[PDB]
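Using the sequences and the accompanying hints, generate a full structural model.
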Amino acid sequence: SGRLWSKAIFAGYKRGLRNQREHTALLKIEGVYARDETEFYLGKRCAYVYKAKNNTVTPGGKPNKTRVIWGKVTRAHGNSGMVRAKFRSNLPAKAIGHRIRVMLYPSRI
Amino acid sequence: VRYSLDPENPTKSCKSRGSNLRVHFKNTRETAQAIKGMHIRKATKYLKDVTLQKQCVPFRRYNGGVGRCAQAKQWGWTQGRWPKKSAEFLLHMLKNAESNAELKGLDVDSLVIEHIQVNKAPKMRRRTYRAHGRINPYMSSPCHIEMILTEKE
Amino acid sequence: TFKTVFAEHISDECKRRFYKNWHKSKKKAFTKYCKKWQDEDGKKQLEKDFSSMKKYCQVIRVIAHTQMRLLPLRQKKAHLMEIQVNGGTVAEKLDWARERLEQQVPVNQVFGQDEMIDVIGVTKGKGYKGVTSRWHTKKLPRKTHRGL
Amino acid sequence: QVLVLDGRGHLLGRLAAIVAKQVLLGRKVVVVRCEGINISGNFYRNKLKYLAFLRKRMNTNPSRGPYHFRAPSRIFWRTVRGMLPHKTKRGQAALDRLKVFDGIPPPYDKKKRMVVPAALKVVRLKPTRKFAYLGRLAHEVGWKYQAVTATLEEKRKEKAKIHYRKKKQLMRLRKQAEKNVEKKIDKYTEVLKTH
Amino acid sequence: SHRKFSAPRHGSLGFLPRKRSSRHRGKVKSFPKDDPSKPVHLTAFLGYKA
Amino acid sequence: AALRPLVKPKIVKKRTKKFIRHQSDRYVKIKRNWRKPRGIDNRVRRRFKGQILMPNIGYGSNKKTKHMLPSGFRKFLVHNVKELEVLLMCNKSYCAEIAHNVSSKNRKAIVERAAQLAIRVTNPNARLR
RNA sequence: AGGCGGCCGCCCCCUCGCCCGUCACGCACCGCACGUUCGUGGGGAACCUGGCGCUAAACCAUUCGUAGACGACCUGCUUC
RNA sequence: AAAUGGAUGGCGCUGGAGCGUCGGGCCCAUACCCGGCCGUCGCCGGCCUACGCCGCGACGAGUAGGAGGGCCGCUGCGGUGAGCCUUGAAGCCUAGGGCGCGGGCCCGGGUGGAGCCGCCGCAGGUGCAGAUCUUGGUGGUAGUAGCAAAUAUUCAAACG
Ligand SMILES: [Mg+2]
Ligand SMILES: [Mg+2]
Ligand SMILES: [Mg+2]
Ligand SMILES: [Mg+2]
Ligand SMILES: [Mg+2]
Ligand SMILES: [Mg+2]
Ligand SMILES: [Mg+2]
Ligand SMILES: [Mg+2]
Ligand SMILES: [Mg+2]
Ligand SMILES: [Mg+2]
Ligand SMILES: [Mg+2]
Ligand SMILES: [Mg+2]
Ligand SMILES: [Mg+2]
Ligand SMILES: [Mg+2]
Ligand SMILES: [Mg+2]
Ligand SMILES: [Mg+2]
Ligand SMILES: [Mg+2]
Ligand SMILES: [Mg+2]
Ligand SMILES: [Mg+2]
Ligand SMILES: [Mg+2]
Ligand SMILES: [Mg+2]
Ligand SMILES: [Mg+2]
Ligand SMILES: [Mg+2]
Ligand SMILES: [Mg+2]
Ligand SMILES: [Mg+2]
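Chains as they are written, first to last, in the entry's author numbering: chain A, 2 to 110; chain B, 2 to 154; chain C, 101 to 248; chain D, 5 to 199; chain E, 2 to 51; chain F, 2 to 130.
There may be inaccurate statements among the hints.
Said to hold, decoys possible - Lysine-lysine pairs mimicking DSBU-like chemistry, simulated, CA-CA at most 30 Å apart:
#1 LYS50/F - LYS95/A
#2 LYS91/D - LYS15/A
#3 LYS30/F - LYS121/B
#4 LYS65/F - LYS76/F
#5 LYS73/A - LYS109/F
#6 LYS120/C - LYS55/B
#7 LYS109/F - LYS76/F
As the list claims (entries may be wrong) - Pairwise CB distance ranges (calculated):
#8 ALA154/D - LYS154/C: 16 to 26 Å
#9 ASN34/F - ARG109/A: 50 to 60 Å
#10 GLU31/A - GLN75/B: 52 to 62 Å
#11 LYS154/C - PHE135/D: 25 to 35 Å
Bear in mind the hints are in silico, worked out from the structure with no lab data behind them.
Every residue, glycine too, gets a C-beta built ideally from N, C-alpha and C.
Following this line, the structure appears as structure tokens:
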């Protein structure tokens with residue numbers, strides 16, 4: 002029992018003032034608010050948990066309604082502690098202001 | 002002949018049609034949308050109330066410049082009109098559907114009108130006499146009427 | 101509005117005000133409410149409402165109506181009006197109101213002669229009229245086409 | 005989840021910037037005591053700017069067009085509207101997440117009010133510069149509800165005074181218990197492992 | 002422009018929403034203020050123009 | 002699990018939209034085939050951002066993955082038995098596709114000869130009793 | 001812009017309701033994710049069961065004029 | 001001091017989110033470097049459709065205009081496929097499968113009932129979004145305007 006993943010809020014895509022680049026997304030991760038603080042999270046792996054009414058899940062025991070697009074941390078972003086991430090599939094753009102899990106594996110503890 | 006929206010079975014269903022009959026397509030569509038989804042005796046009483054101007058027919062789609070009435074509040078609508086000739090023709094075709102159900106041998110007291118359909122017949126052209134010796138067409142708009150009735154269980 | 105307390109003896113003119121079709125209505129208004137006024141155990145849950153009325157409210161208004169039986173009218177419906185008591189403290193205003201529930205209020209009691217009292221009502225409807233009759237603008241002369 | 009912010013001694017633009025940034029992330033933030041939000045500059049200057057803003061209105065139909073609120077909560081809500089992209093379905097959802105209240109509501113009496121340090125008058129303004137109260141501005145122009153709000157505010161401040169004596173009595177009792185004996189065995193371990 | 006004969010405007014801007022009132026009994030928009038010095042009385046009665 | 006041909010890599014197309022024609026949505030007289038606009042004011046020819054993209058040489062697929070079905074073969078159309086038997090040498094990369102005007106009486110013989118010669122046919126179970 | 005908390009008289013149980021120590025077990029599913037949550041999460045139509053209760057109101061029609069272009073508004077209709 | 005109500009873009013900003021001097025970071029364009037793929041060009045390889053097959057390197061924007069290619073397309077002509085079929089050709093529809101960047105094409109399913117296509121050469125009345133384009137049909141308007149110049153009709157019966 003207990004949560005193992007660190008909380009991170011989806012913020013938006015990599016973009017300029019006018020245009021966007023949907024291949025790389027931005028994550029405001031909680032606790033980190035500095036360039037020196039967004040160093041431990043380099044190499045973490047992210048997951049966006051959402052719901053659909055069809056019965057497509059992991060083989061972990063029971064069939065449910067949970068669908069997850071996987072991905073991982075690429076690099077840091079700015080001085081405020083925001084973190085870039087490239088997922089395996091691009092974001093649905095409904096996740097703005099919503100939470101993406103950051104799990105504590107392959108990092109180097 | 003073929004009908005759109007074929008029923009569940011031809012045993013418990015009767016059918017009727019009128020072809021090339023001088024009415025207005027808009028009036029017959031707007032009264033068919035009020036007939037559709039109703040018991041046959043309620044529809045007969047409804048059309049007799051239309052001919053007696055006691056219960057109206059709301060114009061929901063073809064509602065351009067149509068005056069209001071007080072009787073439309075049963076339908077949740079503001080406008081309304083009382084089509085006498087459309088009520089007469091559609092009551093005649095409901096009597097035809099009743100006779101066809103009697104020929105097929107159904108429980109004639111418990112029919113409901115599941116499907117009704119109206120579409121434009123080929124119209125006949127007349128002419129007006131406007132200003133400056135010009136001729137503008139004066140054309141009708143007849144329609145073909147189809148109805149599929151079903152027993153209620 | 102905090103809460104509204106209605107009296108026990110509610111007139112048929114007030115019931116005709118609350119209903120729309122008095123012929124089609126079965127005259128069933130306020131039956132359980134008068135039963136709550138009649139029951140002794142309901143009074144303990146009703147006198148607490150006045151004690152909360154003394155504590156929290158400042159503006160107390162009195163709903164009264166007219167007697168249509170004394171009038172030569174044909175309407176037979178009594179018009180309800182909230183009348184803000186501008187007296188003293190809320191406690192004696194509530195005591196005055198509960199003392200004069202189900203009672204008549206003459207005009208000679210409150211209003212007097214030589215008094216300057218304003219009148220509020222609804223104007224005479226003249227119908228869907230035009231501009232020179234509504235806004236009283238100046239007419240156009242005889243030579244004007246498409247309207248004077 | 006939910007955030008409850010004080011409005012006493014805060015600046016309008018700074019607090020609106022921090023609220024409009026934190027409401028796009030999803031944290032349901034609510035600014036309470038909105039009448040106490042200070043605005044820098046002279047008060048005649050601020051009401052002259054607001055009088056010009058009231059003068060801004062459509063000549064053809066004043067209703068269909070510029071709406072001008074007088075309540076300070078709705079002033080702050082218009083300030084956050086002018087900063088969020090409200091014409092799209094991101095800022096509209098952010099404004100639906102944002103709630104603003106004048107005075108203090110009864111759930112926000114109980115729930116603890118946060119104070120943002122970077123939006124403070126004391127942090128951002130030199131104390132020899134002029135300022136203006138948004139509640140004073142609202143009472144001067146349009147918002148006729150200071151006599152009710154200030155009365156209920158003094159009532160809940162009396163409620164806070166009658167709660168704080170009980171809380172301080174309980175704190176004195178628990179520090180008398182900490183002064184008492186037979187707790188120090190765990191306290192040696194706590195001090196040697198970061199009391 | 003320069004209308005050269007300025008006239009007082011017809012009508013009033015204050016009475017401009019000339020909609021039918023949803024009520025026929027003319028309700029009271031504002032009652033006079035109260036004080037504990039004055040004795041207890043009522044303010045508004047009903048009547049019929051005869 | 003039918004024939005499982007030789008080593009064919011991951012097939013990419015660099016875009017899969019079969020580019021729409023400008024203002025084909027607005028007018029239903031315009032078929033959705035591409036046609037290069039040669040106007041002097043057109044945003045598509047001027048290549049403004051936020052518009053449709055014109056087909057040019059950059060969208061050309063790889064020569065290894067050109068004319069490649071997702072199964073891993075290259076299709077070749079066939080009318081009869083001799084045009085099926087011409088694929089006897091290269092059946093492990095080239096599949097057959099029976100023409101539409103071939104009846105069932107000869108279609109069953111063509112698919113029987115393909116099953117004997119181990120030649121993949123794209124539509125084996127069509128137009129049968 | 002209120003529904004959870006505090007006190008007293010009793011209630012069927014619990015002196016392991018928690019930390020320190022000994023002992024033996026429960027799937028150890030044999031390298032793999034979407035796991036544990038305020039969830040007896042929100043809404044709609046029905047299914048079988050116990051107790052306590054409810055027995056109407058709008059719209060049309062008709063009439064009305066204090067009202068109306070049409071709608072709309074104010075009204076009447078008890079067998080005395 | 002200027003007429004609609006409005007403009008550092010707005011919101012706001014005073015220990016700055018103003019002004020002038022600057023330090024360290026941070027963000028991106030089709031710009032630059034590396035890499036994958038297509039094409040053009042230059043050089044070149046081999047006695048493997050030589051009009052084919054490979055290899056290296058540099059570059060690809062563009063109205064008027066000019067060339068090359070098209071195993072893009074339509075119609076008909078001569079060779080040609082022991083071509084296709086009334087166990088279903090042309091045409092048409094299609095939330096189907098796919099190819100080619102593209103012109104377009106092939107197959108699946110349905111109506112249809114008698115002619116059709118691939119390659120090589122040949123010849124065109126050979127490809128449409130416009131021309132207040134020609135012919136034909138159909139919508140919004142729209143059940144809208146309008147059925148109002150010349151005083152006026154009413155009761156009963158009858159055929160129906
Ligand atoms: Mg209209
Ligand atoms: Mg009209
Ligand atoms: Mg004429
Ligand atoms: Mg003539
Ligand atoms: Mg009148
Ligand atoms: Mg004239
Ligand atoms: Mg008022
Ligand atoms: Mg130009
Ligand atoms: Mg400004
Ligand atoms: Mg500076
Ligand atoms: Mg070029
Ligand atoms: Mg024939
Ligand atoms: Mg061809
Ligand atoms: Mg030609
Ligand atoms: Mg020719
Ligand atoms: Mg054309
Ligand atoms: Mg053109
Ligand atoms: Mg034309
Ligand atoms: Mg024409
Ligand atoms: Mg013809
Ligand atoms: Mg037309
Ligand atoms: Mg008309
Ligand atoms: Mg005439
Ligand atoms: Mg007769
Ligand atoms: Mg007769």
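To see whether the hints hold, each was checked on the structure:
For a cut-off of 30 Å, the pair hint linking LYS50/F to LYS95/A stands: about 24 Å separates their Cα positions. Between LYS91/D and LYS15/A the CA atoms are separated by roughly 22 Å; this keeps the pair inside 30 Å, and the hint holds. A threshold of 30 Å between alpha carbons decides the hint, and for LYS30/F with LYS121/B the separation of about 24 Å falls inside it, so the pair holds. A hinted pair counts as satisfied when its Cα atoms are at most 30 Å apart, and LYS65/F with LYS76/F qualifies at roughly 15 Å.
Proximity of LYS73/A to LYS109/F is assessed by CA-CA distance (about 53 Å); at most 30 Å being required, the pair is judged violated. Restraint check: the Cα-Cα separation between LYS120/C and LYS55/B comes to about 22 Å, which is no more than 30 Å; the hinted pair holds. Under the criterion of a C-alpha separation no larger than 30 Å, the hint pairing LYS109/F with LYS76/F is consistent with the structure, at around 19 Å. For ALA154/D and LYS154/C, the hinted distance range of 16 to 26 Å is satisfied, since their beta carbons lie about 23 Å from each other.
In this structure, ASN34/F and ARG109/A meet the distance hint of 50 to 60 Å, their C-beta atoms being roughly 56 Å apart. At roughly 58 Å, the beta carbons of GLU31/A and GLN75/B sit within the given window of 52 to 62 Å. With their beta carbons about 42 Å apart, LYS154/C and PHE135/D fall outside the hinted range of 25 to 35 Å.
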